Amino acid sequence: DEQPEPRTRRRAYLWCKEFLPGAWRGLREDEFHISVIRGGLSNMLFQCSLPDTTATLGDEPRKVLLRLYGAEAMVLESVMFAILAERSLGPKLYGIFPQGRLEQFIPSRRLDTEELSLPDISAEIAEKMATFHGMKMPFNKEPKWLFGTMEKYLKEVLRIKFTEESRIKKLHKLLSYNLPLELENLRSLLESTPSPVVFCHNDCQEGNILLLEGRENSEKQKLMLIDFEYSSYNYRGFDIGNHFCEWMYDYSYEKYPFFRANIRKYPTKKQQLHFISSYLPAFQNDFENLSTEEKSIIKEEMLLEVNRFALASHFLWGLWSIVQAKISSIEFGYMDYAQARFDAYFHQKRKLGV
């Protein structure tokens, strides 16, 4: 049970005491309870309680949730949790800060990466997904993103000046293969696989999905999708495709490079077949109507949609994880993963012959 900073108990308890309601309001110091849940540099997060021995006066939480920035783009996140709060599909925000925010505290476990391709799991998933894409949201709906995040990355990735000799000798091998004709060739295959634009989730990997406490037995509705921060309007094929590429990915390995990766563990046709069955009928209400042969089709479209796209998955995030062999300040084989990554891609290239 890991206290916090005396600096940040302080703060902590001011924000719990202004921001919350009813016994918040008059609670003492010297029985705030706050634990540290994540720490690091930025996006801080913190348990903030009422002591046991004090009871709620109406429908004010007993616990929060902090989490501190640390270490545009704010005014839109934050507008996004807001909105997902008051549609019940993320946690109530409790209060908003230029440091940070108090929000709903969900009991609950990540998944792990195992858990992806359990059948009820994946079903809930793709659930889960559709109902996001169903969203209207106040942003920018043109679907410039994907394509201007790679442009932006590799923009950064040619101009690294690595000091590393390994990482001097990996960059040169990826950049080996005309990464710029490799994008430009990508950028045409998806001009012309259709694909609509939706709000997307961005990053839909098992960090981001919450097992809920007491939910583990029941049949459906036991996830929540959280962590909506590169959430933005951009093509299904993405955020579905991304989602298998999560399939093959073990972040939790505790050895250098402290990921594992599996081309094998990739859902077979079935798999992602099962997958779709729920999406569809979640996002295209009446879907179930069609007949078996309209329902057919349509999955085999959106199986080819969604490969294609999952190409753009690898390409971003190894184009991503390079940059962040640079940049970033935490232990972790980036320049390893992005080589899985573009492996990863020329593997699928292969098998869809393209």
Second form
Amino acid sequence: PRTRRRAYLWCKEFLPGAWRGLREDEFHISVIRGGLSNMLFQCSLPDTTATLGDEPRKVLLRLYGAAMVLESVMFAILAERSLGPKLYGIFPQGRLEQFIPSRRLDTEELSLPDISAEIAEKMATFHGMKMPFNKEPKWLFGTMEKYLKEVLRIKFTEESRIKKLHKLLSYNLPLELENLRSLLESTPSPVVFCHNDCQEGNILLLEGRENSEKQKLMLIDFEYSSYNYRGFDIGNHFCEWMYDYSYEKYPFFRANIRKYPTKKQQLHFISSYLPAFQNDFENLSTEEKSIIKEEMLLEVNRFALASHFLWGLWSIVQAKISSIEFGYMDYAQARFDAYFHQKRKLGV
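Shown: the form deposited in one PDB entry; wanted: the form deposited in another entry:
One chain, no partners, no other molecules: that is all that follows.
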């Protein structure tokens, strides 16, 4: 399109070497993810054109479509620190990032011992770093209260969605949030820099590193990241073991309660997290380690309720406003079913 030109100009003007002197009739762009927001494209030199210096042959273009300062600063910082794709270009419409040869993980891979251990280690790393953002943990209850406010105001026109929403509203979401509030306020959890969306779709498996045991993954997509309770980040990740967003028919996901990590799988994950986060931890006694882990299991199982609640509310608002083809109302109902299931399991 016209879009094609613009993208050519971005690459020509922002990228070094071969790119600088490149013609419009040599530009290779393809869609990776279309839509109206956060569109993703692959852009590349002709296979035929040689590279002057260090310039990449392929880049990823992200377009904002339809807090900008914050996300940009964070992405740049993560690039500088080698915990994210390099930033090659930034502009009002979007950015040019490094193209990492890789694929996203699938849902079932989250439970593989070595994958899970590395995710825990990466999360521990992310959690231990300093970022120029507000350190007060207002994000969790702030976001829930914001989405709850939207939810309570939403009017659907179509009858199907009116009834689905009516069933969700019948839980008494305001009162249930206060129930969650008293539970979580009685559960100490350290405030750390949280990814807040640590799912398979945000975890790259690096090409050529598949044989590495401990270093084959990169966490990406920090758009929800904030200082938050560590319980949320781990609990949210555990919840993600149940949800597979690759299903190709309506509602475009599958939920499987049975796939929530067992006590053993949770212990495996936190056994890998804790030494990467707490430098002393390795040197503690067996009983002290055991005490910490048992406490941490209670912590993250309770914060998993907020994952269900927050993303359930979020998903209701998305049904009203999103352009993505996804069964948002059914996903909201699946999160709320898991919320009540997890409360029954915990006895809270």
